[PDB]
Amino acid sequence: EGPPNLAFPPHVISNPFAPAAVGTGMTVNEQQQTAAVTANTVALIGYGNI
Amino acid sequence: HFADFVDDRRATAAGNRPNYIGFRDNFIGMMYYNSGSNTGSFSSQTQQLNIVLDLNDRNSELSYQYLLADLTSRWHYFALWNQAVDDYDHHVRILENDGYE
Amino acid sequence: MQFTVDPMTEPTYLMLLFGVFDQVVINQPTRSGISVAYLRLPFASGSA
Amino acid sequence: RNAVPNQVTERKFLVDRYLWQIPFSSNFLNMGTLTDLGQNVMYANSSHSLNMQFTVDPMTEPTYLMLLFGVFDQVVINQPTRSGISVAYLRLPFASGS
Amino acid sequence: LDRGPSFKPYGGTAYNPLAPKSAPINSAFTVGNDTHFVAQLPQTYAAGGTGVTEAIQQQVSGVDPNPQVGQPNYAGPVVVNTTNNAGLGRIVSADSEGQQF
Amino acid sequence: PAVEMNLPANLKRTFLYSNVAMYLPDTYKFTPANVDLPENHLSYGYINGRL
Amino acid sequence: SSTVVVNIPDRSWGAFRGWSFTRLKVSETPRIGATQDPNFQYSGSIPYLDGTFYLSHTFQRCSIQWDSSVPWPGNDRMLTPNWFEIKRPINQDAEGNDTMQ
Amino acid sequence: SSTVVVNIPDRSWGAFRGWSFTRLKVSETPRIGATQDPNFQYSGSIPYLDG
Amino acid sequence: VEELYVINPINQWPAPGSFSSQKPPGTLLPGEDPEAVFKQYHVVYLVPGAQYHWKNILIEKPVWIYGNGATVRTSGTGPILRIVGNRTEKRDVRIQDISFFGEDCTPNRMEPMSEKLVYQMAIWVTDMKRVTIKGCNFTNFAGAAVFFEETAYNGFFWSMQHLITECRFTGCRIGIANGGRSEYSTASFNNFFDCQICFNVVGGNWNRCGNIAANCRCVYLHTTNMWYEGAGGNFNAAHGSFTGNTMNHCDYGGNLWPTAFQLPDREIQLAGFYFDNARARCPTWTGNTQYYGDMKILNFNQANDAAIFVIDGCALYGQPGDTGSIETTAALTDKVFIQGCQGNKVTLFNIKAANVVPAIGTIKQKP
Amino acid sequence: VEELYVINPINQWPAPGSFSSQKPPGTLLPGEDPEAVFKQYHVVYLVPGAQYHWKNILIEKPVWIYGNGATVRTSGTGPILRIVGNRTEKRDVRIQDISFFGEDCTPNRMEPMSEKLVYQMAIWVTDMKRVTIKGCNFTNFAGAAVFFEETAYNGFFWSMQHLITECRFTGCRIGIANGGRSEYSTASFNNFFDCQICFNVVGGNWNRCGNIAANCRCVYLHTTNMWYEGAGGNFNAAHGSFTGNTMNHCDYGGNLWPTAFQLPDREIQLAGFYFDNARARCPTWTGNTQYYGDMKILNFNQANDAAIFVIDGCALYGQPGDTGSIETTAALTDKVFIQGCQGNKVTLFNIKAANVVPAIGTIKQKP
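Protein chains in written order, with full-length UniProt numbering: chain F, 355 to 404; chain G, 254 to 354; chain V, 860 to 907; chain C, 809 to 906; chain R, 102 to 202; chain X, 405 to 455; chain L, 607 to 707; chain B, 607 to 657; chain A, 4 to 370; chain U, 4 to 370.
Bound conformation, chain F alone:
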C-alpha cells in the first residue's frame, strides 16, 4: 500500500457537479469600493478543489 492512486478529469478545471462556469474579469477602483466590468475578457473559472 501507498499513496492514494487518484484519477482526474483531463480538462482538469471543473466544478465537482457542474461544468467550468464562464465569467468575466473585473477591474477595481481603490479609495472607494466599486468594481466595474472590464472590456475584452472571458474567463473559464473552476471553483473548489479538483
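If a hint is listed, it holds; no wrong ones were tucked in.
Among the chain B residues that face chain G by a calculated CB cut under 8 Å, a handful are:
#1 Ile638
#2 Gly639
#3 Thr641
#4 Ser651
#5 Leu655
#6 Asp656
#7 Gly657
Dumping the calculated SDA-like pairs for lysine to any residue here, alpha-carbon to alpha-carbon at most 20 Å:
#8 L:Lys631 - A:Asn11
#9 X:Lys416 - R:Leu119
#10 A:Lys119 - R:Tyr175
#11 L:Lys693 - L:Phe659
No lab work stands behind these hints: they were computed from the structure. Note that beta-carbon positions come from the ideal geometry of N, C-alpha and C, so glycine has one too.
With the hints as your guide, set chains G, V, C, R, X, L, B, A and U onto chain F.
Structure of chains G, V, C, R, X, L, B, A and U alone, referenced to chain F:
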C-alpha cells in the same frame, strides 16, 4: 582602513597592521621531506632502487637547523640559501619599564 | 613517562623526541650500482 | 536544453556482507595458508607489539568495531580406549595456554 | 565530459508528473483581441453581497497563497455559494516571456 | 465522460513509498496529529505509528 | 568519534594469518558471554553472527605499526606507503588513485 | 588539561641517547606525511620545523 | 580534537545500566504529549518560535506556560487547553506569549452560530481561580476565544481574580466570553479586530478599561439566554465597568459581519451596545469612543426607580442616516440620560431633549 | 580530576574535520552583527545585563527581542532598529525589556528642532503590523522616541494593532510619534518626564489610557504640517481617545523646555494641549489631571455643527496669573464646553459662563 566610524564627516583612520610575507628561513617548507606518498628519489639508472627511505618519525627539517647552529654563527645573513633567521626583539618580549628620561 | 604542564585554553601538542643513532652506509662497488642500508638504535625501522 | 551550469559530482560506493581483509603476507596475495611472513616473525623467537589507528565516518550513534585477527585453530581428539576420549586445543598466534 | 542537450537519462518527466497531459495550469493568454482566464480556485473566503471589500483585504506575495493547500482536509465536494463565497488562487499573467506550456 | 490517470507514475510512486520512504530513520519521520504513541521508542507502537 | 586506536602488547606473532574489520552498531550487537543481555532490546538481523554486514563502506584509512617504530608493510610498497587508505573522496585527490569510478 | 601520560611498549633500549621535549600549539603545527593539510590555516613561524 | 586515547576490547559482559533521562529540565518539545508534562512540573517553558499542535489538553493542577513566541494550532471539535480546577488551589495559572490559531483561515463569517460551533474555543477554564492571559494572539475561532465558566459557590467568596491583558483577537466570532458567577475580574487593553461580538457578557462586576474594538459588529452583548452560560447560568448579571474603550465602525465603514446572530432561543439584530435583560442593571459608561456604533437600550431594572443608564464623557458621531444611532424603548425614555458627550449629528431614538446635556444629535421616535 | 588516560602519538595524517558551530542556540552576544541573527531566528534572546551598541539595524521579518535587562546605546545620524515590513506577515514583533539610550546626556533642550535631528529615533516601524513595545526605558533622544509610519493602504483594513505600554521616557524631545494612517492602536501607562512633546499626533483613533506626563511642556500636539508625518501624511487625523491621563506642571513649576518649537513651516507657542486643524475633530477628554497645564483650542471641524469639544471629569487648577489657562479662539466659544470639572481659580480665555458646569475659574477674553 578605519579606527572609528559613525558618520561621513567624523571618522578617524589608522594605517594597516604591518604584514611582511616572504619565504621561510633556509627555504624550509619548500620541498617534501619525510612525506608519505611524496618521497623523492635518488636512484641509479639501469636499476630503479630508491636510496631515500624517508620516515614519518624522522624530521629532516630542524636537523638542518641544529646542524647550522653548530656549523656557523647566527647573526650573519647569507642571501643565497635564504639564511636569515627568525629573531624577536629583546625589549618587546621581556620589556623594561624605565619610563622616559 | 608522565608530564604536567600549565593549563592553556587552546589544545597543544607535546614534541617529545627520543635520542637515537640514525646511520647509513653507502656502498658503490660497480658503475651504475649503488646500495645503502639505514639503521637506527634503539627504534629500528623495518624487521620481522 | 535548460540544464543548470556548474554541476558538481560526487562518488561513493556500498559494499555488503564483506569484511575488509588485510593479508599478512609479503606480496598481498595467497601463496599459502601458513604465510611467508608468518614464519619470519619467529626469527630468534622475537616478540613485537602492535597498535592500529583507524578512521571511520562520524556517525551519530555508538558503534563497535568487529576486528578479528587471523589465527589458526586445531583439535587433536584421540580415543585410545573406550571411555578414554581426550583433546588438545591450540591456537597459534593467540594461545589460551597454561 | 559534456554530453550535450540531447541527454535525458530517464523516461517521462519530473515536473508535475501526475497531471493529465491535456491539463493547463491556471494562466492567462491573449488569443485574439481579448485575454482569457483559465483557472481553478481552491482556497475560499467568506464575502457577502458585492464582496469587493473582502477582495481587497486578501494579502498576497510570492509565497501566499500556496498552490497546494486548497480546501480543508476532509470537507467533501461541496458546491460553493458564489453569492456567499468568492474563491482565492493564483494566475500567471500573459505578459511573460517564453512559450506557454 | 472519462477520467485520466498517469498509470505507470502511480505504480512508481507506490514503490518509492512502501519500500524506500517507509523505512527512514526516526529523525525524518513524524507522528501524525492527535494520536497517542507509547513512550518506549523501541516498541512496535512507536515504529508503526510514525509517518 | 572518527578515530579508534587499538593496542596489543608484545607477544609471539608466529603463524599470524591476517586482519579483517567492519563496524557494527552497539544497539544491534549483543554480548553472548552471559546467560542474558538485559540491555539488548533489538530483534532484527544481527550482523555479528549472521554475516549481514553493511557498514564496511565507512572507513577512510588505516595504519598498522609494529612496536612503535616499524610501519607495516613499509618499504614504500604502495603509493601511500605509510598507511592504507580505504577510501579517499573526490573533490580532494588531484592524483588519480580511484578505481571503479 | 594539566597532565599528559605516554607509553612505550616492551622493546629493546640498547644505545639509547636521551630525551627532549617542548610544547607546540595545534593550530601552529602542520602534518607533513600528507600531500596537503586542509586543516592547517596558519602562516607564522612554525615551531615544529624552524626551531 | 582527534581523541587518540587507547581502548581495550569489551569482555563479553552484560553491560551495566546506562540511562539518558532528564533531557528536558522543564521544557516541552514539539510533538510531545503535554498532559504528562503539565502533571509533573509547575513552570513549563516552550521552545522559542516553535510550531505546536494541541487538542483537548486537560489541566488539573495550576501551572505556568511561558510560550516564548510559540504557535499552537489545532484541528477538531474539541477546545484547546481545557483548564479544570477544584476549590483548593493556592497556586495560580499564567498563560503567556503564545499565538493560538484556529482550524480556519479568513473565517466563515456568513455561517450562522449553532450548537456545532460552541466548542471551538482555545481556553475554557471550568472553576480554576486566578488565571492570567497575558500577551497572546487569538486568530480565526468559530466559537468563543476564551470562556470562563464558574460553578455554584457560596459564602460571598467573590475572589477568582482573573486578568486578560495585552491580547490581539482577529476573526473570532465571540471574543472574551464568560459564564455566570464569574465575578470581579479585569479584561483590558485587548485590541479586537473583525469580531462579531467582543464580549458575550453573562457574569457581572467585570472591569474593561482600555479595549479597542475596530471593525467589530457588537462589543457588549447582554440578553436573556445567550450562548456560553455554562453551569450556574444567568444569575447576578451585568454589573461591570466599561471605561475608556474604543468601538469605532460598528455599523458603517469597514464592518463585515452580518447583523443576525441566532441565539439558542431566537434571532436578534446586533448593535454596538446591545442590552436586553429585565433583571440586570447597567454598567458604568465613561470615556468611550463611538464612530458609527449603534446602541440598543431595550430593557433593564428601572422597576422601582432602581437603575438609570447614564452616558458620560463619550463620543457618538454618526452622520449618514441612522448609522451609529442610539435606540431606546419608549417605556425607557425617562431613565436613559446622556450628560457630557460629543457628537456629530446622531439619531437618538426615543430620548427626550431635556435628558441630554449638551444639546447634540437628532431626536427621533421609533414606535 | 587529573585525567591520566594514556595517549598515542598522532600519525602525521590529515586531521578529520572538527567544527564548533551552534554556540548560540538563539542568543545574541555583544559585539556581534545583529542583521545576520535577526534573519535566521524568530525569537532572539539577549545577554542579561549586557551593554550593546546598535545603529541602523534593518529588520525585515518579524522577530521577538527578549532584552533581559540589556542596554542598547548608539552614536550617529541613523535610527536604531529600523523595522521595515510588507503587507503579508502573519507573525508579530515584540520588543521587550531593553533600555534604549541616545547619543546625549542631559540633552540640549535649548537647541531648536530642525531637519538634522529628525532621524534621531530608536524605533522606526515603516509598515510592520502588530508591533509591541513593552517595559522599555528611552532616554535622551534629540528627535522622536518611536515613530510609526504607515503607507497608503486600502479596503478598510484598519488592523495594525500596536501596543506601547509600561515605558519610561526621559529627556526625549518628542515621545511617541506616529505617522498618518497609523490607526487603531493603544499607548498607555507610559511615564513621561522632562519631554518637550509627549505625543506628536498625526494618525488618529488611538487610545491613551493612563499615561503620566510630569514636567513636560506639551502632551498633545496636533497642527497642520508637523514633523514626523512620513509617507501617507496628514489624512483622517486626530480621532483618538485620551482618558485618565496626567499632565501636571506644563507651564509653571518644574518645566524646563522652551515654548517655541519651530515646525517645518512656521514657529508656534506650545501648550499642554495644543490643537489647530480645521479638518480634524477632537479626541475624547475624560479623567485627566492638569496642574498648571495650558490648553489651546484653536481650530477644529465645527463648520456645520459637526464637532463639539467637551471637557468632562477633569482637573484644571491654575491659580497664579495665567498659568494653566485654557485658551480658545473667539470664533469657537459656542463649541467648547466644560461639563464636570474641578478647578482652583483658572483663567478661561473666550469661554462663556453658561457653557461650563459647575461655575469654576476666571473668565477673561483674549482678542
